[PDB]
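2 protein chains.
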Amino acid sequence: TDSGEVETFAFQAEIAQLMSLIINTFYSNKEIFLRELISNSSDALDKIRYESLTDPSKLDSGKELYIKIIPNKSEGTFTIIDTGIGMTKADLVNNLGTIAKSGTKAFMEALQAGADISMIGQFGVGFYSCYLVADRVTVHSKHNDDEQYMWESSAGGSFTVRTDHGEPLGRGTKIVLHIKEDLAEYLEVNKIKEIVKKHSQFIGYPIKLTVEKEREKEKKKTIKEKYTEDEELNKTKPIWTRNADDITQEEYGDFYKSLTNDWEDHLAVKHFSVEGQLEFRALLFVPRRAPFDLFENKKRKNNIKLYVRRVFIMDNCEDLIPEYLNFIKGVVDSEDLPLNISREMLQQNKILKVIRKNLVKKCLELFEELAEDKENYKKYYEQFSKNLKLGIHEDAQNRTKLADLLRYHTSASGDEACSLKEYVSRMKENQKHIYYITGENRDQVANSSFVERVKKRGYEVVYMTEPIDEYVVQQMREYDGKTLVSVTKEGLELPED
Amino acid sequence: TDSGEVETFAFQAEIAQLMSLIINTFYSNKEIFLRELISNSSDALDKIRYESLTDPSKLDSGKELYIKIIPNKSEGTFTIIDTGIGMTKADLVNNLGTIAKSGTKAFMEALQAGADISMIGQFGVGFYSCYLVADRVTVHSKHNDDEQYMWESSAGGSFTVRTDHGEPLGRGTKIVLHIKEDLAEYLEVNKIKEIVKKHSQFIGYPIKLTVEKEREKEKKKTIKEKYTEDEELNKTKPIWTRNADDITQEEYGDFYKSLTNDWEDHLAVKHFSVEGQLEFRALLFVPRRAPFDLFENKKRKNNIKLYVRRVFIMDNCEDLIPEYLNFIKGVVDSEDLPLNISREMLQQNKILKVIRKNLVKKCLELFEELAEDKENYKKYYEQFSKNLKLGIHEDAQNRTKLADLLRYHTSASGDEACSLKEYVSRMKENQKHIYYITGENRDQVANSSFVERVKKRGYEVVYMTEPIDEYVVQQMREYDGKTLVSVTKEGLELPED
Ligand SMILES: Nc1ncnc2c1ncn2[C@@H]1O[C@H](COP(=O)(O)OP(=O)(O)OP(=O)(O)O)[C@@H](O)[C@H]1O
Ligand SMILES: Nc1ncnc2c1ncn2[C@@H]1O[C@H](COP(=O)(O)OP(=O)(O)OP(=O)(O)O)[C@@H](O)[C@H]1O
Ligand SMILES: [Mg+2]
Ligand SMILES: [Mg+2]
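As given, the protein sequences belong to chains B and A, one line each in that order. Numbers 7 to 224, 267 to 545, taken from the entry's author numbering, label the letters of the first sequence in order. Numbers 7 to 224, 267 to 545, taken from the entry's author numbering, label the letters of the second sequence in order.
Think of the hints as simulated: they come from the structure by calculation, not from any bench. Wrong hints could be hidden among the right ones.
Which copy? The list can't say, so a pair holds if one copy fits it or any two copies do.
Unchecked claim - Taking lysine to any residue pairs in the SDA-like style, the calculated list, with each CA pair at most 20 Å apart, reads: (1) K111 to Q23; (2) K180 to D8; (3) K69 to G176; (4) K427 to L414; (5) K107 to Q23; (6) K107 to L27; (7) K398 to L138; (8) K401 to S34; (9) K377 to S433; (10) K107 to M25; (11) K398 to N388; (12) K36 to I389; (13) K346 to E366; (14) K347 to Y519; (15) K36 to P386; (16) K347 to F375; (17) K36 to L400; (18) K346 to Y519; (19) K398 to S34; (20) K285 to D381; (21) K53 to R358; (22) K346 to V520; (23) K285 to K377; (24) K401 to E323.
If we strip away everything but chain B, and leave its shape as in the complex, we get:
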């Protein structure tokens, strides 16, 4: 025989190193624990909502659904308040006290038909990002079924649970974090506000931020802090989920204002969706003014923001759009892109290319859609005439539509530009090829002898100065079945009757 003895062994994971690996290696910034906590709190809230819509018996005690963020400056304790499904004994024993395990996955195993709910917690190791900002963790939990219970662990290798005997919650869970002394600056209200606004702006619930009212016992000026900022910043309701049919202008104009900090509305809207293998909506808006980052060539563009399940992920627009279309500002909202471990970067680049093709087709069709208004189209040309020419220089698929998009200054139209098809409209039978010229200004070449021969009869010539167009004439070799003729392609042209 060759190999008679056979032995088998199961895979084991050395624990002690593993939580260290999870804490200090996976996540780029320490600005991420709050997002994870808000995510699984929202998951529990959606669990409550779904199990309550079918049966109101489950929804007892507090009907209102909300999330409270409580930073305690005096003690450094970070308190999180949610009113979700809560925990049980087995829940805290298994679903949180063991790595590589998530409750949502086991929840889908019971709901296998018509699950019209959007959860975010699939991976199962996103809870431990809290150890990045704290030394010890405290979880207050109370199910609608079982009692109140304590989760406590800080040593990394052991945990403690005990039956609660303190204030009762009745419904929901409460998260308490012992923030680290060195990184105590996270307790600043402004920092928390900015992190919430950036990473989880549209979670979809009331984020009240009802921080504890710091009691300060005593014509006289009144006190200024009746309550902390329970405004509609963390409570911003707009999720843009409404269908496009009933959508009006001003509300999405203010939506664009909020997205890009702009004071004015946008220029055009392309609200649509693509289904099948890659299901997603999208909101593309045309910025009104040119981008001033021309000097800063390789600034990381934030024009398009990618949202996965109503959660901001990445703003790297460079791999998401062709560079000749790197000025459109808007939002893409997919729902099935497979995210990596950090929920920060994508994995499938061919999916990105498919989205690229769909987006460019739709937005170039939009370019056609806005072409019917002369004033807005001349504004668009004057503002971003370069990008179409860059595409015509170095894009191959849609050169025809881009060529149709261009307009050009001519003779009989004055200083108003005209499309290449306009000259075809006034084309004469005896001429078999389009005449054009290269010149810095219209009038200087108008008197030039290179077209003075044909000026006696009053023909029309394309006037062309911007150097991209100096180099693009090779790119389009024939439009509408007629080759281009210049005073340099063949010299002084001689059109004869």
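Chain A with the ligands: place on chain B using the hints.
For chain A with the ligands alone, coordinates are given in the frame of chain B:
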């Protein structure tokens, strides 16, 4: 307190979901699988080299140390054989059969006196990255003291091992793969060569991509190919690990031609090294000509590459160098950066900023070196004058240190370049003004007669290469206590002694 009784349970880790996460979530692309195997082979080679250094009597089992790669399109298998330290049964089960447990860390901590040896690998997850494309893995190994075994797994949460009776390897390990039938393009020779060239270029051990066939011998009917040769595999030794004095001009030229694609030599070189709390080595190059894609600056900033422990990581320069250093080419090789689990991104950035400032200072030091050679300095300035004024507008911190480093073709300098630094030798006692004219490029506005009064003094009007000089003179308002003057500024003032 004595209110709620406490109970403690040990931590647990779920196995199957953990490896599903490892396989499908960590690494962005599937090509990385080869790099981890190459790194582990280099690890084994370094281990056996150190064992030889402390005791050379035990290398009788094998003398040459190399990495041998044997692809096979016919069987769809991948083979990597190396002659490093090897495995043992306990090491087998407790390192390959254990997640996140690295024997490299154990060996590295076991010995401390020999800090010279540089080791790569501290996490215990890279070896399982080979499951990205391989449906089955079989590993052969034998120690200098242990017998021959194999380790076979199929990612099914179970593995088996037994004794060996096949081909007796003298020393080292052996990797056998069976890749997916739809990924056979990664068995192609050219693709493997490209990947090896990009990633593991400077490992420092022979990699012999060789598959040799016997050829029959006989009229002009048929002729086939013989074998696969090392496509410049490990023929480029690490330059930075060698002292600067021992590297001469042709070595730098060849290295620059290899790193880039340009047929030309380097315009200038600057090699330096920094030690202490932050230890790294760097190499800098300046091209002999302006970039061919200077007009097409849309290409992302990948000019400077980074290699921690002789492995490429990333060429994103938005955090490594300021953008007005666009044309610099080179490689930075550190030793102690905190790599994440993907080994593509870095978390802490203060090190990045200090490296940036050190590199800026070193680049300015190289700048000074070229200033002595007037002709080469003039050539480089007329080649790359734009980024200087760009940085002058941006870098307020280095504005003064760059202020004295510009030659200038001026009104009375002609083709010869006169510098404001050389000018200070020829100020009169009353002169407190600097004469120039800004614009997009050389223009006829310079022939204005606003400096007729100063024309008796023969003071010199400077030409400005690019429009940012309009903002540059808005950034530098006064040089070493001397004011400014021009047609654009005031036309003509009347300061006199
Ligand atoms: N209201 C809640 N707040 C926080 N955690 C909760 C809440 N309700 C349930 N949980 C627990 O959160 C833990 C969830 O997920 P884990 O952190 O395990 O998954 P993730 O996909 O890695 O991250 P996350 O779910 O946090 O987005 C689950 O095991 C679930 O039991
Ligand atoms: N080809 C090999 N040569 C030598 N040791 C090896 C080899 N393959 C695996 N090992 C050993 O088994 C353990 C496996 O490593 P893994 O590849 O699991 O982590 P690493 O090699 O330690 O680090 P990383 O993979 O993160 O770079 C390693 O730490 C190394 O000690
Ligand atoms: Mg979770
Ligand atoms: Mg390794």
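### Task
Up to 20 Å between alpha-carbons, please classify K36 paired with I389: within, between, both or neither.
both (15 Å within a copy, 15 Å between copies)
### Message
When Cα atoms must be at most 20 Å apart, do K347 and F375 count as within-copy, between-copy, both, or neither?
### Response
Answer is both: 12 Å inside a copy and 16 Å across each meet the 20 Å cutoff.
### Task
Up to 20 Å between alpha-carbons, please classify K346 paired with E366: within, between, both or neither.
Cα proximity of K346 and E366: in one copy and across copies (10 Å, 8 Å).
### Task
Please work out whether the CA atoms of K398 and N388 approach to 20 Å or closer within one copy, between two copies, in both situations, or in neither?
Classified as within: same-chain Cα gap 15 Å, cross-chain 25 Å, threshold 20 Å.
### Task
Using 20 Å as the alpha carbon limit, work out where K346 and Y519 are close: within a copy, between copies, both or neither.
Answer is between; shortest inter-copy Cα gap is 17 Å, intra-copy 23 Å.
### Task
Evaluate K377 and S433 at a C-alpha cut-off of 20 Å and name the case that applies: within, between, both or neither.
Within one copy only: 17 Å inside, 34 Å across.
### Message
Cα distance capped at 20 Å. Does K53 pair with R358 within a copy, between copies, both, or neither?
### Response
within (17 Å within a copy, 49 Å between copies)
#### Entry: Same-copy or cross-copy closeness of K285 to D381 [CA-CA at most 20 Å]
Close inside one copy (14 Å), not across copies (48 Å); limit 20 Å.
### Query
Can you tell me if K107 and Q23 fall within 20 Å by alpha carbon in one copy, between copies, both or neither?
both (18 Å within a copy, 7 Å between copies)
### Homo-oligomer pair classification [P386, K36; C-alpha up to 20 Å]
between (23 Å within a copy, 15 Å between copies)
#### Entry: Alpha-carbon proximity between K107 and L27, which holds within one copy, between copies, both or neither at 20 Å
both (16 Å within a copy, 11 Å between copies)
### Message
At most 20 Å between CA atoms: does that hold for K285 and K377 within a copy, between copies, both, or neither?
### Response
within (18 Å within a copy, 47 Å between copies)
Hint violations for this structure: none, all hints satisfied.
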